[PDB]
Amino acid sequence: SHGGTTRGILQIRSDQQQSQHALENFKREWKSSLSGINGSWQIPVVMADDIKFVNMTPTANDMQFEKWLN
Amino acid sequence: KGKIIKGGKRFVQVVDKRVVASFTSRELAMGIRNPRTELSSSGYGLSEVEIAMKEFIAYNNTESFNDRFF
Amino acid sequence: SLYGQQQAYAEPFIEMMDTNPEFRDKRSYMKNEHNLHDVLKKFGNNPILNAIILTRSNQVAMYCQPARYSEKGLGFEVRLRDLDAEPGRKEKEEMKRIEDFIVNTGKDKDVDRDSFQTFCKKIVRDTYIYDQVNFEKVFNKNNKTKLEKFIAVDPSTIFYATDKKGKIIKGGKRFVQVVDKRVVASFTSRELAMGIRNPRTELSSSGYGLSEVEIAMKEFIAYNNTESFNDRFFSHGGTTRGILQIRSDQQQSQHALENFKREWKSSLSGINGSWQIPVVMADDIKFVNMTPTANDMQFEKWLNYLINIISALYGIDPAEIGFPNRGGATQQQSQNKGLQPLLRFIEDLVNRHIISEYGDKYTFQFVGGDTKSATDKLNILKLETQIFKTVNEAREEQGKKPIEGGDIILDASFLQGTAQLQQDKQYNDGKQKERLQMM
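Chains as they are written, first to last, in the entry's author numbering: chain A, 283 to 352; chain A', 213 to 282; chain A'', 49 to 378, 395 to 503. A prime marks a further copy of an entry chain.
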């Protein structure tokens, strides 16, 4: 019912922060190629200097404080 | 007046949105296994497929996701 | 026309334009393809499906012998319609003749013709692949009223005939055979049967049955390409273990590499020199792995799931075809849901199509392999008789005549009560002699 459900952040290093128009076109390409069941198994390609993915939540979530409730 | 009829012909057959024939109560039976009292349904039964529609599409697209690897 | 004279419509009001006027085509569920049995014939060769077919055929083949010729009760039998009705020498002979006729599939023996065992083995395949079964009858030419022979015909070539208006016909010839899209012959309803195991009411199918192969088509192709994926590791490349890199300022000439290979093969190849260790004095050496340490089959649980659902569609236990049940056990109940409905379907078809030619008073049924149910029935009777039922009432109830001895209820106590009552009754009734003596 509230936020905090993010899996992680995809960082892309660049000398300049890309203009928002470029990021919107990036999103358009990403959605057209990968979004949904359509193109689910495909792999994108990017030629940036360095890319990282930092995890904000664990691999698999589950209920917390179960024994406390019991 | 739009109200459902009791006397005489009560059930009607429709094909391609055209009325073809109609039947007396004795001439045609009507069995409802999962009846409901709310006015919205007007006596028509509730099918489990409608209840499980979301689950059915989820199963279908899950199977598609598994098969799309091959 | 499809079933008879009726007020409602049970056939498509508007005909399919691309179909030939002479008959109504059989089409897929979604109308995706107007030609279905052609693609089902492709899946007819699948091993899993063929394994199920062969297992069920072997199961049925045991039952396909007459009872009275078998030392044990397993087999089939013909009897009067009423179990309580008495038999007779004439009727017994007629039933024996009919049973022999069914066994030989005709009036007289002929080695060139199918025994009923092979007929059933054909029928199960046609029932489980196409969900449609047909067999031709051969009435006597000297007398149309009576029957001589009957044999099976492939269901793929048979269609429902239609009139000039395109509606399905009832009177006269109703079924038509088509080969290479050409009409060859047509048959009267009595002359050709039509068995549908999985019927449907929607106008789109127009009475044609729904085959499980069409439902499992996606699963079947998934199984096929999964098997191909597993086999392509061997039948195609990608079996390398790794690459042995040797760093050098210059790439060695191919002659040097060939001599290197010669030395390597002479020293290490084969069992000979298997345990030896070579020595190399290069700057740096690496071995990079392209495949894991040990290989094995992939997508195993996917295959188990697919075959489990395919088996569940046909009602067969996956354990019979060498797969694990994803739930339950990981046989009587599996048999009860799997085989018995098929036997009853064949029973009803054969009865209503063959025995109709001889008379209503007879019927055809299978027997045997159901001791436990009969045991429970006898146990019901054995418990009931202790308090409730007399011996003679039960004997009459099961189409038999009473035995002299009284309609006794079997309990050692109850007999003593009747005997004691009779003994004391005779004592009391004996006092009438004294009553008359005073007269």
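Think of the hints as simulated: they come from the structure by calculation, not from any bench. Where a beta carbon is used, it is the ideal one built from N, C-alpha and C, also for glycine. Just so you know, not all the hints are guaranteed correct.
As the list claims (entries may be wrong) - Derived DSSO-like pairs: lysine-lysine, alpha-carbon spacing no greater than 30 Å straight-line:
(1) A'':436 x A'':120
(2) A'':218 x A'':194
(3) A'':90 x A'':212
(4) A'':453 x A'':489
(5) A'':185 x A'':157
(6) A'':425 x A'':140
(7) A'':266 x A'':170
(8) A'':90 x A'':120
(9) A':221 x A'':215
(10) A'':218 x A':221
(11) A':229 x A'':79
(12) A'':313 x A'':169
(13) A'':218 x A'':185
(14) A'':229 x A'':79
(15) A':266 x A'':138
(16) A'':120 x A'':197
(17) A'':349 x A'':89
(18) A'':138 x A'':194
(19) A:313 x A':266
(20) A'':169 x A'':194
(21) A'':157 x A'':194
(22) A:334 x A'':334
(23) A'':120 x A'':144
(24) A'':218 x A':229
(25) A'':489 x A':266
(26) A'':215 x A':229
(27) A'':213 x A':229
(28) A':266 x A:309
(29) A'':266 x A:313
(30) A'':140 x A'':90
(31) A':229 x A'':212
(32) A'':221 x A'':79
(33) A'':349 x A':266
(34) A'':120 x A'':489
As the list claims (entries may be wrong) - Computed Cβ-Cβ distance ranges for the label pairs, DEER-style:
(35) A:327 x A'':295: 23 to 33 Å
(36) A'':367 x A':219: 54 to 64 Å
(37) A':262 x A:311: 56 to 66 Å
(38) A'':435 x A':238: 31 to 41 Å
(39) A:323 x A'':284: 15 to 25 Å
- Message: Holds or violated: residue 120 of chain A'' and residue 489 of chain A'', Cα atoms, limit 30 Å.
- Response: It is violated: about 51 Å lies between the C-alpha atoms, which goes past 30 Å.
- Decide if the proposed pair is consistent with the structure: residue 266 of chain A'' and residue 313 of chain A, CA atoms, cutoff 30 Å inclusive. holds (28 Å)
- Message: Can you confirm whether the C-alpha distance between residue 138 of chain A'' and residue 194 of chain A'' stays at or below 30 Å?
- Response: Cα-Cα ~19 Å, so holds.
- Query: Is residue 120 of chain A'' within 30 Å of residue 144 of chain A'', Cα to Cα?
  - Reply: Distance ~18 Å between residue 120 of chain A'' and residue 144 of chain A'' Cα, so the pair holds.
- Task: Assess, step by step, whether the Cα of residue 313 of chain A'' is no farther than 30 Å from the Cα of residue 169 of chain A'', and give holds or violated.
- Result: Between residue 313 of chain A'' and residue 169 of chain A'' the Cα gap is close to 58 Å, so the pair fails against 30 Å, i.e. violated.
- Item | Straight-line alpha-carbon gap residue 313 of chain A to residue 266 of chain A', limit 30 Å | Holds - the C-alpha atoms of residue 266 of chain A' and residue 313 of chain A are around 24 Å apart, at most 30 Å.
- Distance restraint between residue 266 of chain A' and residue 138 of chain A'', which requires alpha-carbon spacing of 30 Å or less: Between residue 266 of chain A' and residue 138 of chain A'' the Cα gap is close to 65 Å, so the pair fails against 30 Å, i.e. violated.
- Quickly compare the C-alpha distance for residue 489 of chain A'' and residue 266 of chain A' to 30 Å and report which way the hint goes. Violated: residue 489 of chain A'' and residue 266 of chain A' sit about 80 Å apart, past 30 Å.
- residue 295 of chain A'' and residue 327 of chain A - C-beta distance against the hinted 23 to 33 Å: holds (30 Å)
- Compare the distance between the alpha carbons of residue 266 of chain A' and residue 309 of chain A with 30 Å, and conclude whether the hinted pair is satisfied. holds (28 Å)
- Holds or violated: residue 436 of chain A'' with residue 120 of chain A'', Cα cutoff 30 Å? holds (16 Å)
- Query: Taking 30 Å as the top limit, are the C-alpha atoms of residue 221 of chain A' and residue 215 of chain A'' close enough?
  - Reply: holds (27 Å)
The structure is inconsistent with the numbered hints 3, 8, 12, 15, 25, 30, 34, 37, 38, although it conforms to all the rest.
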